[PDB]
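Below you will find one chain, with nothing else, as structure tokens; this is the form deposited without this ligand, and questions on how it binds or moves follow later.
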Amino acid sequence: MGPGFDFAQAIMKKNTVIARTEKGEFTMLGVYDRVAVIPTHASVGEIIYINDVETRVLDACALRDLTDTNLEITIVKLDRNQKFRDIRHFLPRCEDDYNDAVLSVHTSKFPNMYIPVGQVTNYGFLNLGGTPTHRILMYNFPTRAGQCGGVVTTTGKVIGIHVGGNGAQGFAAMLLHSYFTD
């Protein structure tokens, strides 16, 4: 409907796949080459389904900060025959607050879904399902089951992936440029 939705659509149409694990279907953001991200609670194993195709996982790493605190991001390298568009230049370098974000989801349950969530706070620490988690973004939208892995964007930046909610607020794990240096 406007330039926020425009940037979000451009990311969804080229840089997402539907990932299926034993824990469900998730929006999965492709970042560069065969490297993507997914919430760590997806419990990625040695095999994953990508757009309903059986795919070997070449590597998977559940990220933690240097205090050995969960970040809820798993980086996955897929044995796929095609590379993602390189979007690392859209990733923020530092922890920040944001205005006017969009949360975008693409699954069998919620195809072509876009939500204007408004202001995003650098919330920091969250007890996420009992697990102490750092680098959490918060937005005041009543997000639901089915939105995990959703992409959080502003105009020109890809800032996080949706990892939870409390019925009134939604929570995303930050993406930082430093997670994807090669």
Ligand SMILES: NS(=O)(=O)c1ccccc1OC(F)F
The other form holds:
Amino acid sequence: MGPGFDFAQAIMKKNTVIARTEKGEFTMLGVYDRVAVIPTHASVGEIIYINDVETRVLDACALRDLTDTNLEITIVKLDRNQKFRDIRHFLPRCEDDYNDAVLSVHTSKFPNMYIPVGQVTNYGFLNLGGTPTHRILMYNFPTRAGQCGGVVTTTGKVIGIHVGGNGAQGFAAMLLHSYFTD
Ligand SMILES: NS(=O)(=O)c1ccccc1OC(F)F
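Moving from the form deposited without this ligand, what structure would you give for the form solved in complex with this ligand?
Next comes the full complex, this chain leading.
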């Protein structure tokens, strides 16, 4: 409808796949080469389904900060025959607050879904499903379970992936440029 949605759409059409694990279907953001991200609660194993194709997982790393606190991001390298468009230059370098963000989801249940979530707060610490978690972004929208993995963007930036909510607010894990230095 506007330049926010334009940037979100451009990311969804080229840099997302549908990931299926034993814990459900997730939006999954491809970042560069065969490297994607997913919430750690997806519990990635040795094999994952990518757009309904059986795919070997070459590596998977559940990120934690240097206090040894959960970040709720898993970086996955996929045994896929095709590379993602490199979007690392759209990643923020530092923790920040944002205006006017969009949360975008693409699954079987919610195809081509875009939500203007508005102002995003650097919330920091969250007890997420009982797990102390750092680098959480917060937005005032009543997100559901099916949004997990959803991409959070502003115009020109890919800032986070949706990892949970409390019925009134939604929560995303930060993406930082430093997570994807090769
Ligand atoms: N965003 S959501 O997942 O809660 C959802 C799903 C289907 C229809 C409407 C809807 O939004 C609700 F907030 F309006």
